[PDB]
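Let's turn to subunit A:
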Amino acid sequence: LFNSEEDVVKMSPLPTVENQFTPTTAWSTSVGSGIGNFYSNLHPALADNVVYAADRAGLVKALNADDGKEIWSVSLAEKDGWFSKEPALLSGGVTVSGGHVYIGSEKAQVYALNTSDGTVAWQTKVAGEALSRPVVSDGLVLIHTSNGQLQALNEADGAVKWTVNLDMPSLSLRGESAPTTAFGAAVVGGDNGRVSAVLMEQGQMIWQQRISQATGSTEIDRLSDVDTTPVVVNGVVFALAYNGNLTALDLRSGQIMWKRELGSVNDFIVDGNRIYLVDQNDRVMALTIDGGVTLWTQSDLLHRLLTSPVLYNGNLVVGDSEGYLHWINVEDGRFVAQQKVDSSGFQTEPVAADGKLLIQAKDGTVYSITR
Partner candidate 1 sequence: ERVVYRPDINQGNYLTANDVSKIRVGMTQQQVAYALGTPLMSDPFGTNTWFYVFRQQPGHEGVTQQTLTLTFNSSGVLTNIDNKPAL
Partner candidate 2 sequence: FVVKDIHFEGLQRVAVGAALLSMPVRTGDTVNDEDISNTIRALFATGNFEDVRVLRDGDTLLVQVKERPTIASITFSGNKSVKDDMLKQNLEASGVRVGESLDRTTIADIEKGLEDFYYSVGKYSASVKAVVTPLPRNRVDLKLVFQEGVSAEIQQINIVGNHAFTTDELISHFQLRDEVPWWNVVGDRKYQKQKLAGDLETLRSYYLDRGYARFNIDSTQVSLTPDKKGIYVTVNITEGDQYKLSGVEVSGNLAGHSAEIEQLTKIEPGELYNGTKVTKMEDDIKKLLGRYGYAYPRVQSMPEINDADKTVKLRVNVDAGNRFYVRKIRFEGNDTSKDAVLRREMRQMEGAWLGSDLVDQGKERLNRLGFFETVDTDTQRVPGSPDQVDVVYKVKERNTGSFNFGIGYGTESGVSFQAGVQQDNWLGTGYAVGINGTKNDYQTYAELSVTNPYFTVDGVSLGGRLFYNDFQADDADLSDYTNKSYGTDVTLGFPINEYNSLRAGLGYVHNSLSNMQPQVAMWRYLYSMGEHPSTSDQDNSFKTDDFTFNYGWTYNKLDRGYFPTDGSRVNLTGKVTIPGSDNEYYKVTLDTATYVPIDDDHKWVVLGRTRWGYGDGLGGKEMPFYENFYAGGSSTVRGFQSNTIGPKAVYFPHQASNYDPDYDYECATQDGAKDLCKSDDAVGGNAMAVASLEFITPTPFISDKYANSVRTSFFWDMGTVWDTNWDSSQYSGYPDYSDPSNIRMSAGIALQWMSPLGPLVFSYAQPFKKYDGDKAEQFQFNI
Partner candidate 3 sequence: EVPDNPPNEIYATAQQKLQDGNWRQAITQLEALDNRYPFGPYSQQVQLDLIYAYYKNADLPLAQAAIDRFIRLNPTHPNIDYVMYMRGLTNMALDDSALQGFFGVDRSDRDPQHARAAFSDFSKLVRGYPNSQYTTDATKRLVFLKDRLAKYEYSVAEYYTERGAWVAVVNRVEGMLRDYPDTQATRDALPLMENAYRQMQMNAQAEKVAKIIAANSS
Partner candidate 4 sequence: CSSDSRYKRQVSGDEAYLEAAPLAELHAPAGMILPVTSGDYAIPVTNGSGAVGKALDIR
């Protein structure tokens, strides 16, 4: 009886299912358990048809495009953990800069694997698991970790450039604050309702702005935890704090041009003056950059755990954790193509790169998509 008393929240799965352009796959190959139904900051990389797919249990591959045959394949589940072949437990997403495949671990043992074979270019234990993808740029393996730390590591051996304290959430109030480089400033968001710029060159706070409060005494959403990844349009940061506060603001000082404290925002891109985002209700909206004014929107997808909104094959491709693909109109929110290529769900973002659209699904993992 006790199981039959709890209700659920309703969704809007798929009205106006259109396929007015046909959707298909570039290849569908499924490298398997990995990303999983388990919650994972890990996310693949795609470059030059060397399709860097991997598995959180340890198996790290590189695949070939158009077939998903493996260019190379290794594992990092070798002597890890307390019983020597534990799972690797990867936190940060797949980063490939040069001949190194950098992946952050939940062991906080970050890596670099030689992109020719998968052999370890370097590997280094860091402080705290990676809340972000290990942002490897300028030699710095810039990682915002779980302990509210900015760790830049060397991308040649793993020499930690600094471990600089950041926005510290009380618990692991989630949401990736990606350490991004903009105008020489290490620009990182925050799980405390703040965004910031730190020094890229040393880890010295350029500014940190109150983009106001997060979970704790004004509790914001824990079904929709805000992507605090900053997306700067060169002079104007367009970033969310951890209550869904999109903000136009200064990069050098953080001084606000306009903001959108409106509640938690799932996923987003700042596509010119057309900010395409996965809104609060798992729904699609187009905001502008002169204000966060709705240019157009779509509420056909409600409470469908969408992926990041990308523009591929001419239209707004948003996959979901229901395994469906949806080519939304780049104009007012209409399906252009719809493809349930997966049943396991897309937890990772559509890498609409290398001519393809790469996801790593949950257990139907590597499908790569075109139209």
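Rule of thumb we're sticking to: a contact is a pair of C-beta atoms (placed from the backbone, for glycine too) under 8 Å apart; a residue touches a chain by one contact, two chains touch by 3 or more; residues count from 1.
Candidate selection criterion: all candidates are chains of the complex that A comes from, given by their letters.
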- All of 1, 2, 3 or 4 sit in the same complex as subunit A; which one actually touches it? 2
- Sites on subunit A touched by candidate 2 in the complex: 2, 5-9, 38-39, 81-83, 89, 106-108, 128-129, 146-147, 169-174, 215, 219, 221-225, 266
